[PDB]
Every structure is written in C-alpha cells, then in structure tokens.
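Only one protein chain is missing from this complex, and each of the others stays in its spot.
Labels run A, B, C, D and E following the written order; every chain starts at residue 1.
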C-alpha cells in the first residue's frame, strides 16, 4: 500500500526523517537505512516541482512512504503534490479551524472535500481512505486554537513544531523551556482526546519511550542535513586526531 | 587559492571524501564538516554537466577544493571539466604511459600540453601551475606499468583503487589480501621515488597514521553515500531499541 | 500570427487538446498531428517554469498556438506566463466578476488593464489585441454568476469544465446528467448573448456537430495522456490476441 | 524481480515498446497500458543522464522492466546505465565479436566480466544472473559476423534492426525486401542455434504469430512517438470530418 | 561579508544591474565586469527555484552581492530566497504599510520579525544585521503611502520603478514626464527624511551625478538583456556597414 494510515491502523510504531537535500539518491539512502516514511520538505527547500515528483517516485521505488511538507500556498501546492503521489501532506503554521477545513477541502474528493478531478469513484474513495492530512502546530495561535483545529473531520494528524513555537513565544530555540514543553504536551492531550494522531519530534532517543508510553506511534527523528553534518564533522575530527597519533 | 598543489607545498596533510550524491547542498555539508577537498565523482554517477558545474561553484562558494573524477572519455570530459573550474582531475583505470601523456596534453596549456584555448599567457601559466593531474591506479596493468606512468612529466599524483584492483586480480573485494596491499605498497614506493604525490584511501583511521609516517599527505576518507547509509542505519536501529526500552 | 483571436475572427473552427505530459516532443507530436492549438496544463501538472517556457517555444517552432492553463495563483503566474509568450491563458475555477476583472488587470496593458511593464506602445497594443483571456467555468458558483462574469470587458472566452462542475453539484463524474448538461447549455447561451466565445469539451465526435450548429468554433478534444493510454492499451491487447491466433 | 531474464525462463511471451519521449509520465503511461518492458532510447534521443535515471525509477515504481538502448560510447554509458538500475542494455550497431566481448566485460562482474566496483559478492552474482546483455544487429557486417557474435558467452539476446540494415544494404526503408527479410531470418536461425534469445520488431500484428511459432518470446511493438502521432493524427482527422457532418 | 548594508555604511557608492537571463555564466560575466551587486530578477523571469539557488552560489563564488527581486507571493518566496543566501530582497508593487510590516515579519528573525527557524542566536542576529529589506515603489498608491511605508522599522531601502509608475499614472513609458519625475523626487525626499536608503535607476550616466549630489549611494544601471541587445545590434550593424566599405 505504502499507506501511513494503514501502518498506524495495525498498532505499529513508525519512524521518519525530514529530507532537506532534494536528491533521489538521498531518498534511496534513507529508505535503505530502514525508515518507514520520509518527509520531503518543500517549505524552506529550493526544490523544483519536477524534482519533487522525482523524489516521490524514488520513494515509491524504494518502498518508503513519501510525505510532503508543502509551502503556505496550499491552493497551488496541494493539488500538484497529491497528483504526484504524495501519501500525506504536512501544512506549516496552521493557526485556525478555517485553514484546516480548507486543507481538507483541497485534499479530499467528494463527499469529504472538493479535490479537483483533473473505476473513477473507487479510485477517489481509495485516495480519501489512505491520504494523511497533517497540520504543523508551531505558533501560539495554533496551540490556542488546538481544540477547534483537532475536531475538524478529515484532519488526521498533528505534528509538533517546537522550534518555531519557541520563537512564537519570544524565546527562540529555548525548546527545553517548560513553556514550550507544556504547550506541546497540551497539543498532544487535546489531539488525542479527539481521536487523532500525534507526531513527535523527539530531541533524544529517550524521548521516544516517553511518548510511546502515552500511545504515540509516529516519530520524526530529525532531518538528513543536520544528521549528516554532525556525523561527518565528528567522524572527520576523530580521523584527524587518530592520524596524528 | 583553493589549490591542492599549494596546500601540499606547505607540508600540510589534506583530507577529502568522494561525493556521489550530486547535490550542491551535499557539497556545502561536506565543506561545513571540515574537509579540505571533495572528489566530485562523475564516473559511475548519473550527473548532468550543468549539475557538475553547479557543484564546482558550490565548492568554490563554500571554500572547499573541487577535484573531479572524470569518465573514460577524456577527449570530451577534460576540457569541459577544467573550464568549469575543477582544481584537479582524477582519470579512472590508468593503464599505461601513453594514456598519462595524453591526459597531460589535454590538461595543460603550452608549453606543458595542448589544452584547448576556447593577460592571457599569465592566466594559462597560473592554470598549469595549480591544476592537479591525478591518475587512478586500479588494475594489474597499471601497477605493472607504474614506473613508466610515474615518470611522465605533468602527472602530479596517483590514487590507489584497491577495490577495482582486487577484481583485476581475480579476488574482488579481498582488499585486505596481501596481494592487494603489496601492490598498493609498491605503487606508493615507485610514485614516491619519482617525486610524485600518493593519495591513500585508508580503510580505517589507524591506516592514516601508518601512511602519514611514510610521508603521505593526501587522504580520501570514503564516500558520502556510504558513510551516510552506515550512520543513518546504525542511528535508527539504536533509536528503535531505545524507544522500546 | 499564431493568434487564436485572429483564427476565430475569420469564421474558422479550431481544434485543441490538453497537454499534461510536459515534454517538448509531445508539443511537436501534437502539432504534427494537425491541432490548431494546444492547452499546456500547469494546474495539476508537475511542471517547472523553465520547462513551460520550453514548451511554448516548441509550440512556436512547430506552428501550433500555445494556450496555458495556469494555477490559482494568478498574481504570480499570469505575468510570467505572458512574458514567456503564451498566446492565451485559461484560469481555473472562476467563480465571480471580481476575479475576472483581476485577471483582465493582470493580462492587459494600459488602457485595458495594468499588466506589468518589465515601438513600446505599439507592442503593448498588439499584445492586448491578440491575447486570449479565458475563464474556466467549473463550479456551481461560476454558473450562477455567469451573467456578471460574461459581461466583463476583456474576458474573451469561457471553457466548460463538466468534470469539476459535476463534483460541485455533488454528482462527481455524472457529466451526462441533465443537471450538468443544462448548466453547460446555460453557460453557453449567456456567454453567447454577451458576444463572447464558448469553448466546448465534446465527449464524442458527434457532439462537435451539435455545438458547431449553434455557432461554437472552439473545441478541446480531450487530453494527450488519456488518449495515449486508451490507444496504447487497446492496441497492445489486440496485438496480444492476434499473436496467440 | 523486474527481470526480463526471469520472465523468459518461464516460457512467457513478453511485449515492449521503444520510449523516445523522455518523460516519466510516458514511462508510467506505457506501464499502465500493459507492456512488460520498455526500451528507453538514448542513442538518438536528447536525454540527460539524470533524466534517464528518473525514467528508470519511474519504470521501477510502475512495475515495468526498464531496458536501455545506449549510445556507441559503451566505455562511458554502460557503467552509468547499470548503476542507475537498467535491467538490460541494448548496444547499437554491433558489428563484430570483439565489440560483444567488450560489452560483456563492461556489463558483468567477475568472473563473467570486469564491471567496475564503484553481502557484496552475492549482490554482484545477482546482478550478473539477471542483467540482459542485448546486441542490435542492423548492418551487413553484423549479419555476416553473426555466428561469431552469437557464440560469445554473456551475450543474452539479439534484436533485429531492419531499418538501418536496409540502409546498410543500399536500400533504405525497403524493409519488406527479400534481402532484408532473409538476412533477419538468418540472424534468428544462427542466434537460436547458439541457444540465445531473439527479439523481433514485427511490422504488423500477424508477424507476432509467425515469429512466436518458431519460438520467439520477445517482441518490441514500435515506438511511443510513432504510435502517438499516427493515432492523434487519425483521430483528429476523423473528428474534423464528423463535426462537419 | 558580501553585505550591501556593510558597503553603504562606509560611504561607498555601489552599482548594480538587473539580471533577467537566468544563467550562472551571466552572473559571472556581470561580476567580472565590475558590478558591486546583481539583482537577480524572479518576478517576470521564467526561473526555477533550483536555478535561482545556483545563481546565488555563482554570485558568492564570483564575489558579487546577490540581491533578489521576488514575486508577489512573499509568503512562499521570502523564506526560500533567504535560505538560499540572498543578501537582500526586493518586493514588487509595494502599496501600503501593512505589506511592508509583513515583509519585515517574514525577513527578520526574532525580535525584529518572525522568520521561520527551519551558535544559533548569533547566526540569527548576523542575518538580521546584514539582510537588506527593499521595497519597489512603482504605483500611485505606493507614492501616496510613502510616509507610512518609509517609517516601518526594518525597511532598509526603497527603489524607484518609473516604468510601472508611469503606467499607474495612465501615461505608460512617459517616464520623462514631470508627473513621474516629481513623484520619484518626492519618494526620495520622504525616504531620506526617515533615514532610509534610496536606490536610483538612472536613465543616463549624467543622472548618477545628479542623484549622488543629494546623497544617493545605490544605483541600478539597467538590465543585462536590454544592454546586450542594444550593444549586439549596434555592433553588428556597424560591422555590416564596414564590411561593405
């Protein structure tokens, strides 16, 4: 299937990573490494639409679920990105119910939305059944409106954006601050109460256990670019010390 | 300068890595990680000429020396790759003196070669002074012809290709075999006797010290794709174990 | 000229097709096949702006009129797409008069609009004279607002979108339903009353005659991708039966 | 598997088509249409290496076997094209045994060749087992040298090139001439005697039965570009006649 | 630094040009020619995001300051364009204070805005310190709202758009008209009163002196495409006359 919704329906825990190096070989390396899904990032990333389409094919061929984080311009991106075969979309900076309802309208065929049309009904039904509609909650407005957001029919999942939330709170990068963690904990509790999925971005491995015990199944473990830099820089420094004795 | 030849002339040890993911962000990540040079691979890699040109610019902007491994088709590649600004070229499967002399002809302006023309003389002189002409020695023929290869004026450096050498010897991937290591040791001794540079591909960090003690200054520490897969796969497995307690 | 407006002014019937495979060879194949115009689709299609520019050049070189269906983001797309040389634009999901007036503002130079400036006046005049401004009418809102839409000075043509209209009516793909056909017939009558052009998407060849008799001159006969799949799949099935006797 | 060699080993007949429109959507349309394999053409076609890599991924994701026809420059193309994941290669204008032996050297790992190295041995073995090495026989020299060509260990299949053969015979496009057909029949008989596969390019559906009865299993049914032009041009002409009554 | 803000802080006059041919060699030619900055145009230009990223790298490698004119869709473009390394952004058709404040929000990290997060604080601070936020004033609305626009904290510079202003005034291309010049003079006086920078687009060389005497330091001298056409066309005409005696 390559359906995230299907994986979650079995009781599985699933692990992903952000892709911010828009190269199909990176998608294949991530798949080879054992990830269940990859979030191809298009918000910040310099990435051509035809490149994005290539990355989704790479994901499909490599048997990893392609999830896409789109830009703010959902009236342009969502139709294109779903027609390319993204199995899920993440919309950044979701702040209110009206935006979530619009995302659903754009993402789902009748009767669940009005996704543009471009057996037919069976294919539409299957699309609606398996697509993941995911909202980033990463500013104070979104945390405050979480109860109204979480109850929108068709919204499947919320992902915590602690970094941008910290800046929204006037404490950028203080993601360990009780303010940030209490807001994230609140987001989870409300999401969970409305029978929706929460996606954690655990800082450290131990945080996975802490979340898992409360019933979280979905985990994004950082981003490729960050992990690669940290590994290559550490590895090289160690090499240069060992070489000089 | 961004000249490998200049770095070596000071007594420096220099560290590089193969790039086989043809994305400018990878070049920038490699530079950020602390590498002195990057060998952008075009032999095996699916990589457009315009992409290669972009990667060399990324290297320049990120202050890392761009070295390029070209394909077998040197009469096409060398002129293009030098005009793009590669500071060094690696030619694969160098087997005889005649090939080395042809590489030099293609890589160097008069009076050192006949590099196509496309103050003028001063620029030509500076190009010749700083370019690194590098031959891969990776088959039995090349090891056997090493004395004739190493004495070609204009050949700056030899790089060991233990993997392909092992297959040439009918023992593919037995790179730890005494046959392979003795041939590589021979290559070094002959290269060094003719006052040329040797570039090691050490298997492990300890091998850097062993080579450095014999006067080797240049080291390629694997390739990005391999390191990334090994790190991401190890990291994820550890994460999944820690999450489940 | 390669002007659709010019062709229509002679009494010609003109035939087009949607292009949803963004390759210049497809544009050339469509031109070779005898089409008068091609609607290069960018709404749903994964297509780079530089690719689109290439397709328009292919059209020009192949002597086929390039019409472009843009995305919803007209404040971005229209200026780019006209400067690339599109001879007409189709805007999707036109729902009100205010949108049509904005399209005209963006598409036409003074005195007919405020198309960005980037003999000069003569070139502007010629652009305004020959550009086709085309609105898709494909949701109930647009059909209801058709009288207000059709009378906007500078709107040249309306195209029926029966598929998306059917979903808007809560009967997706029931394009043969009397609801859908009566609305499309209404759209035509109102458009025609205001002296504007109607563009039909006939389901079958016989529908061309039916429309032509009422004075329709413009016909889009499906899309390349759909026709190709249907032909290749039918052709192959026939081949496999004939081969096995 | 997506292995042509595997399909042939079961007694299957397999059907392919040339792709000369280098767009991943065309690969997907060909797969949807029911073809078992696609021959992505790079000999004549303007196609970037990164595009080719994308087309092979499209094929994999769409569950169609990707075969690639390379250029004459096998010392460049073969290593790249195999590393991209082509399941078979077609080399044009094969004229002698020496060329076939070189193709095998480039295409197969030790002990069957010397394909560059870039469990390890198991992966090499699997590659060798499943790769199809295919020679185009399309000039008089190649037909004359067919016995020496066909007996090269590692050559899997020969494909008839009647068009270019006709020009080689000084009768370009006279592919129905007894000269051309007798030479093609000879090629088959010799290939078949040496236990190798023959690939037919039948002119018409009836030719499939004629070949199949002699034990031919592999059929290339034209090329996408040609079929599309012929269908679109015929379809449009019929539409325009029906519209005018 | 490659900081325009830094250059202006020394008392320097700085010279730029619009780039509307999106090729990295053009960026390099502009740098070689002696320009201090280049305004890479994306408003009108057909230019892929990955191409734009390449042009910015070309600028960095060639030691020319990259400034980017974005499209109207600032909620998409600004984050991408800053993360690519643009040292300044120009937003077209700035008409009110609310838009300027939004540009600042998008362009600057806390505490000066809410630029998305993607030592950390030091890097943010350095970004804010060196970025140039630039508004195009090119319609009557913007001239009328200039006092409210100019006093927005975080707006660094205004650039005159005489061409589009002339069309806004109903006199397209009458850029020499007293209406246009008096409005531009007003824009400068108000901008200058609020301690902000003005960027002139002088028609002729003599206009540079006239502006410089009033304290203007920043000058855009046309666009590459226009200059190239005018030079090549003049040069060729002269050549053809000289050849025929």
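In this text, a contact is a pair of C-beta atoms (placed from the backbone, for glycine too) under 8 Å apart; a residue touches a chain by one contact, two chains touch by 3 or more.
Put simply, the hidden chain is in touch with B, C, D, E once you look at the whole complex. From the set B:35, B:109 or B:198, the residue in touch with the chain omitted from the display is B:109, counting the whole complex.
When the whole complex is considered, the residue among C:57, C:97, C:105 or C:186 that touches the unshown chain is C:57. The chain not displayed touches chain C at residues 24, 53-54, 57-58, 60-61. Residue positions on chain B in contact with the hidden chain: 48-50, 52-53, 73, 75-76, 79-80, 83-84, 109-111, 114, 116-118, 120-121, 124, in rising order. Remark: the residues of chain D touching the chain excluded from display are 22, 43-48, 51, 71-73, 92-93, 163-164, 166-168, 170, 172-173.
By definition in this document, only the chains that are shown with their structure count from here on.
The minimum number of touch steps linking chain A to chain E comes to 1.
Here C-D and C-E are compared, and the pair linked by more C-beta contacts is C-D. Chain D and chain E have CA centres that are 54 Å apart.
Annotation for chain A: residues 22, 48, 53, 73 touch two or more other chains.
Contacts between chains form some other arrangement here, matching none of path, ring, star or all-to-all.
A list of each chain pair in contact follows: A-B, A-C, A-D, A-E, B-D, B-E, C-D, C-E.
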